[PDB]
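The chain below stands alone and is given as structure tokens, in the form deposited in one PDB entry.
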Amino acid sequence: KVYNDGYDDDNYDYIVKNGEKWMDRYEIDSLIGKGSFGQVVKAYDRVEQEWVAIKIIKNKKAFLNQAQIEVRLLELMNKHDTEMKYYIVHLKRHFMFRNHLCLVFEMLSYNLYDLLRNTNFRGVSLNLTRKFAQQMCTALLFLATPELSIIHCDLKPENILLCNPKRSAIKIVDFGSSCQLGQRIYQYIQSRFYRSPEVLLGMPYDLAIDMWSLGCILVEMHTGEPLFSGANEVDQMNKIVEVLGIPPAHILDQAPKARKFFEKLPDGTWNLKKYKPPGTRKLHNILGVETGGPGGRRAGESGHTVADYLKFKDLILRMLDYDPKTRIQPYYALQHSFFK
């Protein structure tokens, strides 16, 4: 059985060969990552004399076209951030090679899920969480600039990479599922644990969905475990409500999917359709604000005082506002006293 004249496997992926030279320019070293899109290889760019990561997209039209969207968005961001100060991965160039679209990037390191695994799923310190939060809010501020207006739409620990294994600098990756505020097409979006209530409820959405995801990500980075680990949409919404309570009636009254999860009482108030009772799984206790941090494991550690935790909790709750019009926006998140 032959795929792509012998160059591809049965998963639409290019069969990586060590030492292969491409286009009289790149010497392929090794496979360093993989995902639904294809593969990431370490390669030496002999023209620029540097190591690069090449994202080799699957040779299949749906994957190609997803990547073409990604290339356009990365090129737009490139021409609007030439100093590379806004925490988005830098696309150096792209090319088609043996029926695969290939995106050449700066080399990065481990993703933040890998980092959580490296903590044995116990979380990173509040101080490292703060550094990640500040960089992510800066990235979201850039995506919100009017000429971009990019909604990432799939923020999760796996899509945030360290630049260097020993440093806290990060870059956001993976814009294949992204869109712009003026051209919102998708109804079904965001990975489930990180999915905003407006998307669960079938309501209009905007860049605020990414702030919701960030709030979820930051809690998980410090505790080691997802904040809302739903097995399906109904379970996801129920897990959200355990922490945050029943959403406001003015939202549910306008939500096409309200009755997937909730029922309206003769009061006019809404309740869940037949979990811990609503709002009784307190973020205050998830974070261990007064009890030594998650699992009590930060008791007697510098940089984890009650005051520090109260600042973090306050910021997170503003990121997890059910109302996307009042959910904290990146400019103001960066001014919050968690960062002072």
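Residue numbers count along the first chain shown, from 1. Heads up, when I say rigid core I mean the largest set of C-alphas that superpose within 1.5 Å between the two forms. Compared with the form deposited in another entry:
Hinge annotation between these two forms, restricted to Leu265, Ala249, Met107, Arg318, points to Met107 (rigid-part boundary). Between-form comparison between these two forms treats the chain as two rigid units and finds the smaller unit turned 10° relative to the larger, from C-alpha superpositions.
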The other form holds:
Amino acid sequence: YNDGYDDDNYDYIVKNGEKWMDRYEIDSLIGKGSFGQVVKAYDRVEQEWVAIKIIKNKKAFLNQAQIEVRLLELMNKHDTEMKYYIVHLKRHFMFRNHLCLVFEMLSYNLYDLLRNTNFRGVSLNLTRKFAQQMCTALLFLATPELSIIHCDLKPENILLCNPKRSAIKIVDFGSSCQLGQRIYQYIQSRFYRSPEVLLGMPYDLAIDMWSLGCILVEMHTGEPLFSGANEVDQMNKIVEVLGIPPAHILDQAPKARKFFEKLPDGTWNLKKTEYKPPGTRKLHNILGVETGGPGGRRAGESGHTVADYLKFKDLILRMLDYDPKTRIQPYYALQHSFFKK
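For comparison with the form deposited in one PDB entry, kindly provide the form deposited in another entry.
No partner chains or extra molecules come along with it, only the chain itself.
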């Protein structure tokens, strides 16, 4: 297997302490995925820690990573300070038949941060800081020259720069694409998957704003807003909160009948699979708008007022629009009264 460098998964066999090109000292494995592995390495030449993503020695993964390199170079080269919300690709090289992407070293992901709260959530003030940064990232990605859909926004793909600050970056553009001939594919992690993708409809940059709405509620409550066991359970959990999607969406949706029934009058209802009736699990109640925030845990805390929670709820409801056309766009998210401080 690759002169004994590769296992039967086409992954490089990582050896702690190995030195590459008389430059990089591999410290440890920090990550693993379909793509391959991520290692922590000390770059002797630049005198700094780096994260090296070691792509599997297999053509399809190498070709996908060449797309990831192309998008990262597009973003990293833009002449705006908004690009600092995206992880920096320092360089890439071919080493022992593996494509290696060399990234800046970031810190814990937002899932680690949730685990650190014991899944009770961070304050509304810290939620606001994360929301403002992510909306600015999505504003950047939707620049016409870029038109990048991340396609896998989730707490695990949002990393703190460092353990002390609220500064964050988006990582893992390995599944990302540029807006093009709009096509359906089975994409996004299920809990964060937009209704258009669940419904088998073609997708655009709005799927990232849906994922963001879900992420922001989770960051405050400590738990996923829509934790589906499968796609039917996922859509049923979305309907518990948001009600039956508009008829004009379901009338155009190839998978409408996986989840919904069209009745003789042209109206739609849930298919029989249990669940709260449609719209009974209000975001008003999930956030504890009038009852001291999630599980009443923010009762008499600064910047956790009914007015604050009403502004948060209104922003999330605009991010969780069933219609990708009227779903709030990043610029207007940033002008929302939730950010007026």
